[PDB]
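The chain below stands alone, shown as structure tokens; this is the form deposited in one PDB entry.
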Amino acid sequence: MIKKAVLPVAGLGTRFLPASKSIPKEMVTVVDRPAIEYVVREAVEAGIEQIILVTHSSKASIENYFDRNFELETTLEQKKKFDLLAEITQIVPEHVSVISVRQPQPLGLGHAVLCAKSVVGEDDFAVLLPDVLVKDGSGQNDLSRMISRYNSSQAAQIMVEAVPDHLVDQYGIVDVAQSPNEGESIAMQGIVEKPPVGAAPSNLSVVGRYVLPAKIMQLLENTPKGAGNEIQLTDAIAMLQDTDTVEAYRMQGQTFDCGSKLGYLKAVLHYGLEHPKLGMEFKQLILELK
């Protein structure tokens, strides 16, 4: 029932700038594979069949990653390395497509999502910020939970993890009665994007995983351009709360912010240890560093 996911990938480097000058930020190397792939595989493992990149004129390498590469496939045959020729050809199942739409100017997430309007058309869709990875564990992943919850509830889902009270100006924050338990979704009565430390309806941060009705697209057309002169998505959610019901899902798994260079280095260490091939030999390389 929820099949389409929007990834906004149209932002320039800035946050990440020397690395992401001449290649996209989304494409920077986490252990051995670009960040974007952790995001796509997350969607995929939740029954997402249509990936809708909202991309910029300079992000061809994201499109090409999920596409076949004649010169590289034939070099991987002429060297008889049918090993990788499988990993570089099945990056994504055959039933899963990948769709490119352009943001004309970087007028912010809200505008970005609104560019995937014509593709999403009439269906209820997920949104995954590809700045954020979401390492899970036993059984399903967090996004799989939210969709099935969206299905039975028919109420927009919005992932939330609790953060230090001072990093609250950095994230969007949800107004909630009591915070819900890991893996469950308590109704929410308000949301705000740039809340100054102490002026926070709670400590529960918007993680960057959503599930939203195609209404949100007509709402995005008619949101004011506030929160830093940019059209904000979390404003369009507030306008949905005026009529439709919106819940805050608490995730079970830990996140990572590959926006911040520091947050990226954290994702390398943690994914570099959970790595099923070098995870252990990596651990050994850390110990012997001092």
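Positions refer to the first chain, counted from 1. Only the largest set of C-alpha atoms that superpose within 1.5 Å between the two forms is called the rigid core. What changes on going to the form deposited in another entry:
- Lining up the core between the two forms shows that one residue from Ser144, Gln170, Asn151, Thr89 moves its Cα 2 Å or more, and that residue is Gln170.
- Shown in the overlay between the two forms, fitted on the rigid core, is a CA shift at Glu161 smaller than 2 Å.
- With the core held fixed, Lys135 shows a CA shift below 2 Å between the two forms.
- Relative to the superposed core, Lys194 undergoes a Cα shift of 2 Å or more between the two forms.
Having looked at the form deposited in one PDB entry, could you now put up the form deposited in another entry?
Just this one chain is shown here; partners and other molecules are left out.
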């Protein structure tokens, strides 16, 4: 039922300089692979079959990462690294396609989603903001649950995360009557950007994971330039409120913002430790520090 995801990757990422001066922020090493691999894997495991990169002319390396590399593959055969060759050959399953479209100028998350209008078609679709990483624990990730909730209700889904009461002015927080249980959705009635401490309508932050109906593309074509003179996804979802129910899905797992330098380092530590091959020896490198 939900088979397409739009990853908007066209932004230059001024927040993680100089690391992203000359390679995309999305290709920042996290333990042993680029950040984007963790987001694409997340999508794939939630049953996504078509990855739609809305990208920029400097971001070839993202596209090259999900494609074959002749010179790389033949030097791996020449060195008999057959296991590695099989790992870099099958980064993504056979049935998963990676499509690419250009965002002409950088005019907001809303405008980036709109650039995928022609590939989304009449299909309903997920959005995953790739600067955010999502870590699970049990089987079936937060995006899987949210998608099957969109399928159940036919209500737009907006992934949210409880944050401490003293911090809500850093986040977009949703207006909900009550807060749902982890793994569950509630009707929401708007999102407020960076509300002042003591005046926010919930502790539930917008994360950067959406499931939206195609209808939203028509709504983005009729939303005026908002905050930062940029055309805004939150403003098109406000408009969707006029005809459709919109729910906040509260995640069971934990996020990392590989857009800040400190959220990046947090992610390396948490992914490092959990690494199926390096985790133990990484923990050991930690201990030996002091």
